[PDB]
Amino acid sequence: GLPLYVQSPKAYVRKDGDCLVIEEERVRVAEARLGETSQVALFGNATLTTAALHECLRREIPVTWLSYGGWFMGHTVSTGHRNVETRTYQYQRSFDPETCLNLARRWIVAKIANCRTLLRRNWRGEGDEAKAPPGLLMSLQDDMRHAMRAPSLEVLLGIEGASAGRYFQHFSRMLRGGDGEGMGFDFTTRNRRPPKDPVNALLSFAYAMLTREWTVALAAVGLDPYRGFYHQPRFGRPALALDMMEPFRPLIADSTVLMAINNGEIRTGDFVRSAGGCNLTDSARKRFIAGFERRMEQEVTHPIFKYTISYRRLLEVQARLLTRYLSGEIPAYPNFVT
Amino acid sequence: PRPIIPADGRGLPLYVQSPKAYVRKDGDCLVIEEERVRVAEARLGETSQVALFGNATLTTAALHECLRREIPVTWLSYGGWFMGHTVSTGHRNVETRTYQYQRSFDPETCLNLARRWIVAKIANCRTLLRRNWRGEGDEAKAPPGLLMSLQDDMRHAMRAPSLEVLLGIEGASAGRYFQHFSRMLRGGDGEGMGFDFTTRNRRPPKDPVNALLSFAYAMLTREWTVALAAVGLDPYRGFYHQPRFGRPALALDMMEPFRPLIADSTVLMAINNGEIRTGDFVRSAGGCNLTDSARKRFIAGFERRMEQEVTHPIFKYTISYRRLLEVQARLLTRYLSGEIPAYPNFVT
Amino acid sequence: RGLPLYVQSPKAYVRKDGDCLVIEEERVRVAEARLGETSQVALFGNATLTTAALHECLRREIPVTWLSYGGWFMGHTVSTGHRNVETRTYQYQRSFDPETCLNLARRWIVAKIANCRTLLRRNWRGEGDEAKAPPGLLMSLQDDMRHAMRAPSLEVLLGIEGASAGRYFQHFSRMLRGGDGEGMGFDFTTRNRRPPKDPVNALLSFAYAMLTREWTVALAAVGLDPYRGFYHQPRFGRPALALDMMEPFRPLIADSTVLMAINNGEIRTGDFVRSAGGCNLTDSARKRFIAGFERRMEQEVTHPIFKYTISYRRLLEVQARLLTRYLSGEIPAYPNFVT
Amino acid sequence: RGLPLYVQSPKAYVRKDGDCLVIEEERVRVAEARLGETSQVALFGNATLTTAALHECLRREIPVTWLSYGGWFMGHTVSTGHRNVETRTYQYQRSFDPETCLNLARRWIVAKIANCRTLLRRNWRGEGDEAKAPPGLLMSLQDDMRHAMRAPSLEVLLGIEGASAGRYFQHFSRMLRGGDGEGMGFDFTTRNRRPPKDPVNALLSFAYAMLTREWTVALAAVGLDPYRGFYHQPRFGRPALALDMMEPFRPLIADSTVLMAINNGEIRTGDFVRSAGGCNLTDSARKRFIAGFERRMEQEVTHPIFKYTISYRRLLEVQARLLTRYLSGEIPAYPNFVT
Amino acid sequence: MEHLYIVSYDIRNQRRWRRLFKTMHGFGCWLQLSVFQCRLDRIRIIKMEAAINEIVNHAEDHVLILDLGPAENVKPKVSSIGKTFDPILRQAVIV
Amino acid sequence: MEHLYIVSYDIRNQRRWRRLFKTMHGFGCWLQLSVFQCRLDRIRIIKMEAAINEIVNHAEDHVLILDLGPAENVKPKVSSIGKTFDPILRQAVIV
DNA sequence: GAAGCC
DNA sequence: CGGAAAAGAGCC
DNA sequence: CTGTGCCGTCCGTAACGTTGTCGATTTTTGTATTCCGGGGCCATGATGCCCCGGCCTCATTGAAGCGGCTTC
DNA sequence: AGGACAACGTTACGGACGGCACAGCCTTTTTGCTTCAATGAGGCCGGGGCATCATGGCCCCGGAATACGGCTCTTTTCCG
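Chains as they are written, first to last, in the entry's author numbering: chain B, 221 to 558; chain A, 211 to 558; chain D, 220 to 558; chain C, 220 to 558; chain E, 1 to 95; chain F, 1 to 95.
Heads up, some of the hints might be wrong.
[What the hints assert, rightly or not] Stretch by stretch, here's where chain B covers chain A in the computed footprint (C-beta under 8 angstroms, at least three residues):
1) 265 to 273
2) 288 to 300
3) 436 to 449
4) 455 to 464
Everything labelled a hint here was simulated from the structure, so no lab data went into it. C-beta: ideal position from N, C-alpha, C; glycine also.
Taking the hints into account, I'd like the entire structure generated from these sequences.
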C-alpha cells in the first residue's frame, strides 16, 4: 500500500476503526485505510496513540521516526515473520554469484543510461549544439552493450570506472552551458575523500544525502541495507545503498547540484576553500538542501506501472520491487531507466 | 576464541507495567507521569532498555532522545508477549549477521546447535530438580528413576536425526519435567498454586503459575533479544525455531539453555517467597492473569535474578546473568565465524 | 603601696596619667587614684583597661585581676621580677621550717576560739530568758582558748578546735531566731558532712567555701603561693595556705554571714526546697546568702596598727600583707585580729 | 590541639565573636582563629584586646601573655592555679639545694656545647679553607666541652659558657648568607645588650624572648614556674627558670630561626629604622621572622631516649615532663637532647 | 568502579540556574536545598564536569563536586541530623 | 587521626539559623552560600554533633555532615568549578 | 579506760 | 616518421 | 562594646504558568589487507594508607584507713 | 497532553549581611593521707586489608595506508 507520512509535526495519530486516522487539534485530517497502507513516517514531534501502534506492530507495518526536517531516527520493527523472510532472501541471494552479477549488470546499465540521459538538455554548452557528440552518445550506448554482458563483479567495476571518468570529464559541458564564474568543474575527482573543488563540494554532499534515503527507504522494508550484492561490505558500508543508488546517482544528486548552479543559486560566494575543496555557508547549505527536497519531491511516474509520485515513494517502491524480485512474485528485476 | 570483552553496562532496564502510564522526556531524566501525577523518573545514563508492558503511552520526544542515545525501546503486550522493538537501520557491522544468515542456510549448523541448544536445557532442568526438589519425607532428593530419564532424554537429544525429531524430544522433556515441576514450589503447591501442566503452551494461561511461567518466559525472550542485538547478531534468523510473530526466532533458541536457569529459577523464588498467593490474581478474564500488586514484585524478582553474579566456566570469572547473556552471544558470533569449532554451552 | 581598690562599671575606662590612674566611665572623669598609695585592682565586666597602663603598672609589680560582670573572680595576669620570686621562696621555705608554722597555727586556733565566743556574746539572740550567754559557756570557751595556746607541737590543736567547734555548734542552734525552731534544726556532731543536711549546715559550709575564695585571691594578689599551708597540710591541690588562713575569720565573716542571713527573717524555707541530703539554697536563697556575705564586708572595723575603719576586704587583704611582711617585711609578727 | 595566636600589629583590637576570635585593626578585622583551634595567645605591647574576649579566654583557660613592642614579656597571665602543688614543692625544694642547680646548669652547657658545633658544621657556608668544620676551631671549642664536665659553682659557670658561646658568637656571621649579608653583621660583642645594637641582635633578642615565653608555657602546663632560676637568677626583665631551661634550646631553635632567617633570604637589611637602640626592626620582616620561628617549632624530631618522634613544642613539654620525672628521681641525669 | 559524588552547587543567575538544575538533576537526585547527589563511574563523572563546567560562569558561580567512597560504604561517612541519608539505588525502575 | 568534614546545612528559622551559623562557624570556616567546612578529630566532631543536633529542629531543619578523607588528601576528592577549594590549614594564627 | 566526734 | 605498446590519465 | 533581637531587604534558591515551539550530522563508498591505535578490561602483583587492636605510660576523683579530747 | 519540551516570568522560600538597639548574665557543702580503681587519655607497631598503578594480552572497533585488479582514451623513450 501507499506509505503514509505523518507530515505536520503537530499531528496526533490514532486508531479508530480499521483506519489509522491522524489528528490535528481534535480534528480528523486523514484516513489511513489500514487495508492498503505501509510505513507511517513520523516527523519531529507528531505523536501517535499507543493503541494504533500496537496494531501496526501486529500487522507487520514498520513505523518510521524522522526528525522535524526529515532527519532519520531509528525504526519500529515488528517482530513478525514477514520482514525476516525478506532479509532471509536478501542474504540468501546475497552470496549467490549468478543473481549477484545479474543485479550488478542491471544496476550499471541503468546508471549508464541515466547518465547518458543528460543529452540535448542539462549539457547546454551549445556553441553549435548542446546535442552531445554522437561519438560520446554512441560510446555510452556501446558501454551499455558491454555492460549487458560483463562476466564478473570486477569487469563491471572497470566498465563503470571508464564510463564514469569519461562523463566526469564532460561535466562542465552541462554546468552552465559553459563556465559560470567559479562553477567550472575541474575535470577531476567526484570528491572522494576530501573535497577538492566547488562541484567537488557539491557532488559528494548531494551524494551523501542520497545515501540517506537509500538507506532509510530500504530499512523501510525488511532489507538489510548493509548487505549489498554489488559492493562487498567493509564494516560500515551501506552496501545495499550503493548497489541500489546507482540509477539515481545521476538522477538526483547530480540534477540537484546542477540546478543549484544551472539556475545559478550557488556561487563561489557561498562556500570557502577551507582546508579542502569547499565548505558551504549554512545558508548555502540550507538552500541546497532545499533544492534537494525540490528534486526529492520533484515528480516522476511508472515505477513498474503508471503511477505518478514524488521521488521518495518511488525510492521506496523500488525496494519493494526488489524484495518482490527476490524469490517473490516478480521474476525479473524492474530497473527504471526514465 | 576465549572472549575477553564482556560489556560492563552503564544502565539497567526501565519497565512500565502500568497500563495507564505516560512517559515524558524532561531535560535528561525520563519522567513518567500518571494521570497528570508523577510516579518515577529514570536518569537516561542509568537507562539501558525500555519496556512498555502494555498500553502505556509514550511521547515521541522520548523516542527521539532515546534513539539519539540508542537505547532499545521494546513495546510489549500485557502478558509481556513481545510485540514490538525499535532498530536504527541495522547494526553497523555486516560480518556478524552475514555469518549468522550464512550458517543458518547451512542445515548442519542448525542441527549441531539445536542439539547443544536442547541438551543444554535438559542438563540444567535436571540440576534445577536436584536443587529445588522440595522433599519432606522419603522425598528429600528427587527420584533417581527420574533424574535418569531426563539423562535418558539427554542421550536421545545428542543423537537427533533431524530438526523436528529434536523438537519432539524437547516437547517430550517439557511434559515430563513439568509433570514433576509441581514439586518445586512451597514444598508442593499450596493455596491454588495449580501447575496444571496440561495447560502448558496454551495461549491465555488457565492457571496461576502458568500465568507466571508464560510471563517469565515471555520476558526472558525480550532480554535475550536485547542482548542478541548488542553483539550485532540478528535475533530473527532462527536455526530451528522458525520465525513466529512475537517470537524472535533465535532469541527463542539461545534462551532454551537459560529457560531453566533464569525463568524457572525466578518462578521458584516468586512462589517460594510468597510473591504468588492465588488471591494475588485477576482470577479470570484471561483464563487467569496477574495483579499489578504482584506484577511490580515479580518484575523486581526477575531483574534481581538478572543481576546475579555467577562464574563462567571457561574463565571462572564472575558476571551478572545479563553480561553473561552477552558473553554467550559473543561466543555464538565467534563460533559462527568458525573460529571456535564447538560451542561452549554453559550447562550447570 | 596603699590598700588596694576595685572597679565595677560595665563600660568604664581605666587609664594612666604620669603617676596616677583614673577609672574613667564613658569619658567621665573620676578621682585620680595615686599610684603611690594604691595596690592590686580588679576589673568587673566588659571594662576597658589599656595594655600600656598595665605594662607601666607591672613595671612596679602592682597586680591586677579579672572578675565577672559582678565580683565572681576568675582570672589574673602577673609579671616576673625579684619581689615576686622572693615572696614565693619565702613562703615555701616557711613551708619547711615548722617553728614559724606552729607560731602561726597556735595563735590561729586560739584566735578562732576567741572570735568564736566573741560571736557567741555578740549574736546571743536568746531574748526573754537569757539576754546573756551562760558565763560557764564563755568560761569553757576561754578554757578551750588556753588549751589551744598549749602547742609546742604540730598536733592536738586539731582536736581541741574540734571540741570548741562542737560546743559552739551545740549553742549555735541557740544562735537561731529564739529557740530550737522546727525545720531549723541543728545537730552538733553531723556538721560539715559531704552532703549538707540542715539548711543551717548548708549555709555554714557554703559560707566557708566562699570565704576561702576571697582568702585565696588575697593570697594570689600578693606573691604568695595559695597552695601551701599546714593547718590543712598541702596535699593534692589544696588552698593549703588559705586553708591555714581561714579559721578566726569563720566567726568574723562566714558564721556572721549565716547569722545575719537566718536571724533577719527575710529568706524563707519555701526557697529551701528539700534535697536528698540537705536544704541547699535555691537561686534566690543562694543569691541572698551572697548578698549577706557582701554586707558582711563593707562595715568598718579597724586594727589599731593601721587605722583603716573602712570595711572587711580592706581588712581581708591587710592580713595577706601582714603575712607577706612577716615572711619578708618589718612587721614584728602576725597578729590575731581577736576583736 | 590548638594553634598559637600571635598579635604583632601595634594597633590590633581583639574582640570575641563567639568561639571565633576576630581581631580588629582600626575598625577592620584582619584574621580569625577558631577558639578551639587556639593554643595560646601572645600580644605585642600596644595591640589592645577587649576585656570580654580576655575573660572568656581564661574561661577557656587558653594562656595569655603580652610581648612588649619588641617582646620584653612583662605581660603573661596566671591561670590562678595549676592544681599540682607537689611538683611546685619538688622544684622549689630542689632549687633550694644548689647541687641540683649547678649540675643542671652544667648539663645545659653540655646540652648546648656537646653537639652545637656539629649543627653548624653540617650547614657551614664558606669560600676557602672554612667549608667544613675548621680544624683549628674544632679542638679549640673542644677544650670547653672537656671543661664542662665538673662545674665548680655558679660564678664561673656564668662566665665561660658565655665566652665559649662567644666563640660560637664570633662564628655566627660565618654561615649566614655566605658571610655578612647586605647590611647584616653579628657583632659578637653586641649580644646581651638592652638596646638592640646590630640588625641581627634585634632578631636574636626577639627570638630569645619569644622562645622564653614558649618555654614558660611549657612550665605552666606541668605547673613549673619561670620564677625560680638556678643560675639565671630571677631578674625583673626575664623569666628565670624559663631561661634556665631554654638555654640549651637557644641554638637549636632560637638561634636556628635567625640562622634560617638570614640564609633563606627572607631577612633583608632594608627592613630597619635605626639609631634608637642602635637598630630596630620594622614590619614586613618581623611578621616574616616570628612566623619563621613558627615553622621550625612545629616540625617533628625523634626523642633520643623515648625513641618516638615528637614536635618541638611537644618536645619542650616532654622536656618539662622529664624534669618532673627527675624530681621523682628515676633519671639521675637530665636528658639534655644533644643532636 | 563506581562512587557516590555529591554536587554542592551555589550559582547566581537563573538563566544559568534552571539549566544547571535540570541538567545535573539528570545525573542524580535532589538531596538538599542546594545540593544534589549522584552515583557515577569515571566516564559519567567526566561527562558531568563536561555538562557542568560550562553551564556556569567561572567567576560569579561556585559549584563543588564531592567524590565520596564507592557508594556502598557511603553510609558510614555521612550522617543527616535532619531527615535520613539515602544513597541512590541502582534499581530497575519498575513503575 | 583527623579528617576534613564538610557541613551542608539548610535550616528554616532564623532564631535557629543565627545560632547554627555562629556555632558551627566556631568549628570551621565559611565555604559556600549554605555550606561550611571543618578539620576535626573524633572528639571534636563528637562535640560538633553535640553542639549541633539540638540547635535545630529535627523535622523542619535539614543538616548533613560529610566525613571526607584525612584532610591532607582532600584535594583529590573534591573540585570547585567556581573559586578554588582550600582545606583549612592548621597554622599558628600569627596576625 | 572506751568510742564518738571532728 | 608513421606505429605501438606502456603510462598515465581518468575514473572505479 | 559583644550577643542578640528582630527590622529590613537583597540576592539567587526552587516551584509553576506561560509561549516559545525547533533543527536533522558533515560534502562517498572500488576491491583487500595489515597495520595503526588506544577503548578498555579482567587479571596481577604492589604499595599504599585507610585502622583491626592492644598492651605499654599518665590522673583524678573518692573506695578505703584513721590524727586527740571532751563528754556519755 | 494534540507538537509535548524548553525558555522564560515573576514571586513562595532561604542565606548571609548589615542596620540598628536592647542588655548588661552567670560558679555546691573538701579537706585526716596512703594505694589504688580504673576508667579514661595516647603510642608504638603486627600483618588485616586494599584503590588505583602499572601492565597487558588479549578482545576488538573503525578508520587509514597503502596496493593492487579493471576499462577505455590518451601519450615517453623506445623496437623494427
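So, going through the hints one by one against the coordinates:
no.: 1; hint: 265 to 273; verdict: holds (count 8)
no.: 2; hint: 288 to 300; verdict: holds (count 9)
no.: 3; hint: 436 to 449; verdict: holds (count 3)
no.: 4; hint: 455 to 464; verdict: holds (count 5)
In summary, this structure violates none of the numbered hints.
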